[PDB]
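Chemist: Read off the chains here:
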Amino acid sequence: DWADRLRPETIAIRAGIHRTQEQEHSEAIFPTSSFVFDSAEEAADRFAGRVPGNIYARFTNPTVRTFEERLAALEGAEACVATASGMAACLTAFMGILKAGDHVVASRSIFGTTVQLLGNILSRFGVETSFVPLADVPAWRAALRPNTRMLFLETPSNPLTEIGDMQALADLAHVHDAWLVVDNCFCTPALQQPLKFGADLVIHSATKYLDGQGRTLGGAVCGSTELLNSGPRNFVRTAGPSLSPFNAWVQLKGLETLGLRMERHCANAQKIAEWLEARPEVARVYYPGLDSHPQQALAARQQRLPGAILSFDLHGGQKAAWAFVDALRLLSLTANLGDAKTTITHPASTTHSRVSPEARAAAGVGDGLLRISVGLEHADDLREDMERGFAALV
Amino acid sequence: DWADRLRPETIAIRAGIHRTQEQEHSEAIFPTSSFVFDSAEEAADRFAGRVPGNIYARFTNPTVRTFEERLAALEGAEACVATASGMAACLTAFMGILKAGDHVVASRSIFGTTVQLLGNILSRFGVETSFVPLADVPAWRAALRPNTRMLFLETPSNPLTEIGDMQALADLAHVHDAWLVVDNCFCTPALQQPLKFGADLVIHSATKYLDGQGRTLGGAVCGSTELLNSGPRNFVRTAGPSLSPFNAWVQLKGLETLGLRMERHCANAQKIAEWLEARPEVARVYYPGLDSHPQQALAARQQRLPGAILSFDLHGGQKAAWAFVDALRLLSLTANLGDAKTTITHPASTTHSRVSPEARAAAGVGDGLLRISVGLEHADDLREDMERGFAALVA
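Heads up: the sequence lines are chains A and B, in that order. Every number in the entry's author numbering is 8 more than the matching position in the first sequence, counting from 1. Every number in the entry's author numbering is 8 more than the matching position in the second sequence, counting from 1.
Next up, chain A with everything else stripped away, as it sits in the complex:
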């Protein structure tokens, strides 16, 4: 009825709520592993699926249910299943959908731990993977195989904020009877809804922006009721990468402010990116809100706002990048994104250090590259701290 027309800001504050008879205004935490039945008959019916209800927290927990329904509603998805972490959501998408003998085409720039999940762990269980540049649709098509069942990507990419053509890759996958799976950590549903571009599964790390304050690990898989009931849900219940009720409670409350946080995140990012581009010490800035971004138009087509993650190359390579960060007094030196606290990191020596120089050169992750997750502090304070980093180059 009336609830179908609610704007996303209202949905993030109100959806998923099933108040108990105590009529608690705020969402309750249910730290319980099992649930009590009124009778043997009720227990048998619930176990047989003849009546709905709670049986075991690995299957159903009310606090986790509130988070799942709220996040699904923000993505426009029919259903959502929560997971212990973002990586576990990737694991749920892969192992709930694929099987030994299947093949995956994945963007080469996805989360390094995801690359290792496909290439070092799932490969030992009969899943083959081919890695292609994100923006090269012909390279995607050329990598397809008869046994290709999934195309997996993040957009925007990390750390260069490269863009993927979601609708083109959805069409490409669906023609070949394969699923499109998009990892939506960069933008969150406040900015991008991959389902509106033909994606079949949307993957989230609640760890980053849904929490938004660096407190907890969590993940989720969003999609149609039918797709999630064809193995992803069963995987979470059976293999048990489940989300704690405490973490769910933190994250579902985090969703309530996602929209207004991303607006400030992105506004601060826009100022910093442009100011960075005019600095003599900076060779290039990677941010989807710059005219200099080669895919600015595709990004604006898919996203309400450019995002809040940028990277930039400074002249002087690694020596300059290390001197720059070592002079900072405000920004966090940490390998994380999606926090109110602005973070900065040097990917070539931390997150891309096990990669080969030629592979980094092919991707474009140079030794003078710094990645900033732009937080919510005052841009003036962020600007002045970065000026300390630039002063260190003199």
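Hints in this document: simulated from the structure, not taken from any laboratory. All C-beta atoms, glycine included, are put in the ideal place defined by N, C-alpha and C. Some clues are possibly wrong.
Derived coverage of chain B by chain A (criterion: at least 3 residues anywhere in the stretch with Cβ under 8 Å from a Cβ of chain A; other residues may be distant) [as the list claims (entries may be wrong)]:
hint	region
1	59-71
2	102-116
3	249-258
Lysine to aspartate or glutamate pairs mimicking EDC-like chemistry, simulated, CA-CA at most 16 Å apart [said to hold, decoys possible]:
hint	chain 1	residue 1	chain 2	residue 2
4	B	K327	A	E49
5	A	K327	B	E49
6	B	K349	B	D389
7	A	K279	A	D393
8	A	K327	B	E50
9	A	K279	A	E395
10	A	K279	A	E385
11	B	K279	B	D185
12	A	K107	A	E86
13	B	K107	A	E136
14	B	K327	A	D393
15	B	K279	B	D388
16	B	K107	B	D185
17	A	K107	B	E136
18	A	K261	A	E35
19	B	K349	B	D388
20	B	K107	B	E136
21	A	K327	A	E385
Which chain A residues stay away from chain B? Per the calculated CB distances, all over 12 Å, these [claimed, not checked]:
hint	residue
22	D9
23	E35
24	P60
25	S138
26	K279
Keeping the supplied structure of chain A fixed, place chain B upon it in accordance with the hints.
Modeler: Only chain B this time, still in chain A's reference frame:
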């Protein structure tokens, strides 16, 4: 040096503690997903592994680390890695150790969800599984294949409390270059240490007795440093079934009273098992501390105490069992165990409901069987509540 001679009760209260400079008496909760480096150089060194330190919560969290070290010390293991649930601990042992083309021999009576994880999930990823009766060592040997890499079991079993000869199965596995993996939820490290009988990995559900009070989900895999470093730890780090620090904090605190709780648990169960066996309405009782248990001696060799889970057959079938539980006002009707709250469930219609009646009959899980996880309430009150169930058998 001195800490080596500490008794388990002391270990459960003091092991794994690394106080911060705040000198907090009680263990802190670290809800953080990442960690801050002092310099670019320290960040590079920590990512390369040149220096020790915290990087990301999915593989290093101080609260989780306290739980792992404490539980490991209670199992006599070198190492432990925590998981989001007991099932995720099973997932970690299987996927951390196996690969496509490996074969598993598993006790037929293991946790029903574990049966599904092996038989329905990992089967689709190249892992073959055969299921054998727990106590039948010859059946274990016959199910061996050239590609068998793991033997998996629980002992005591659920719900019949059947016993697996850990040492004999360890020897069987090791002669054939396979690992023995034992799920130790029934007894906990306070009663049984499968490493002392040749197990290679010990699997735990922190959900059951380590928590002890029905609050949280969690799991753990215990074993040698070398074996956990051969894939289980990387799996948790990379596939991410990690344990929340909130849950780890609950569970590490639960460990502090594990021995005292199991002693009252087992004392209650022994009284109730003997009282049940003498009732006219009861055809059979399954409890390792009973003289009638066909493996009492094997159970007493492997366990400090019998345990606190029992089942019993009622004269009559499902109707008698359902009339029995429906009259209870104290025991919890729930499919769970390891709580201070005593639980009861009817496996034929709940936990073994999706097993065919013919297969349950083969396993000995009848329609008159009820399973009790004996809690910490006063046994008299538990006894008087069960007398209400027996009185309901009159009409």
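Chemist: Decide, hint by hint, whether the structure agrees.
Modeler: For each hint, the structure was consulted:
1. Coverage of a stretch by a chain is defined here by at least three residues with a beta carbon nearer than 8 Å to that chain's beta carbons; for the region 59-71 of chain B and chain A the count is 4, and the condition holds.
2. Under a criterion of three residues with beta carbons nearer than 8 Å to beta carbons of chain A, the stated coverage of the region 102-116 of chain B is upheld, 3 such residues being counted.
3. Check on the region 249-258 of chain B: 7 of its residues sit with their Cβ under 8 Å from a Cβ of chain A, so the three-residue criterion for coverage holds.
4. As the CA atoms of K327/B and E49/A are separated by approximately 10 Å, the hinted pair is consistent with the 16 Å bound.
5. Between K327/A and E49/B the alpha-carbon distance is near 11 Å, which keeps this suggested pair within the 16 Å criterion.
6. Simply put, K349/B and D389/B have alpha-carbon atoms about 12 Å apart, close enough for the 16 Å limit, and the pair holds.
7. Taken as a hint, the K279/A and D393/A pair is honoured in the structure, with Cα atoms around 14 Å apart against an allowance of 16 Å.
8. In summary, the hint linking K327/A to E50/B is supported, as the alpha carbons are separated by about 14 Å, within the 16 Å threshold.
9. For the hint pairing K279/A with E395/A, the CA-to-CA distance comes to about 14 Å; that is within 16 Å, so the pair holds.
10. As the CA atoms of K279/A and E385/A are separated by approximately 13 Å, the hinted pair is consistent with the 16 Å bound.
11. With a CA separation close to 43 Å, the supplied pair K279/B and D185/B exceeds the 16 Å bound.
12. Straight-line distance between C-alpha atoms of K107/A and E86/A comes to about 24 Å, which puts the hinted pair past the 16 Å bound.
13. For the suggested pair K107/B and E136/A, the alpha carbons sit about 14 Å apart, so the restraint of at most 16 Å is met.
14. Taking the CA atoms of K327/B and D393/A, the gap is about 75 Å. The hint is violated against a cut of 16 Å.
15. Taking the CA atoms of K279/B and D388/B, the gap is near 10 Å; set against the 16 Å cutoff, the hint holds.
16. At roughly 15 Å between alpha-carbon atoms, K107/B and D185/B fall within 16 Å of each other, so this suggested pair holds.
17. Proposed proximity of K107/A and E136/B is supported: the alpha carbons are some 14 Å apart, at most 16 Å.
18. Our distance criterion of 16 Å between C-alpha atoms is met by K261/A and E35/A, whose separation comes to about 8 Å.
19. Taken as a hint, the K349/B and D388/B pair is honoured in the structure, with Cα atoms around 14 Å apart against an allowance of 16 Å.
20. Annotation: proposed proximity of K107/B to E136/B holds, straight-line Cα distance about 10 Å (limit 16 Å).
21. Our distance criterion of 16 Å between C-alpha atoms is broken by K327/A and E385/A, whose separation comes to about 27 Å.
22. The Cβ of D9/A lies farther than 12 Å from every Cβ of chain B, with a closest approach of about 36 Å, so its non-interface assignment holds.
23. Against chain B, the non-interface label of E35/A holds: every CB pair exceeds 12 Å, the least being about 16 Å.
24. Annotated as non-interface, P60/A keeps its C-beta farther than 12 Å from every C-beta of chain B; the closest such distance is 16 Å.
25. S138/A, annotated as away from the interface, keeps every beta carbon of chain B farther than 12 Å; the closest lies near 18 Å.
26. For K279/A, the condition that its CB be more than 12 Å from all CB atoms of chain B holds, with the nearest at approximately 24 Å.
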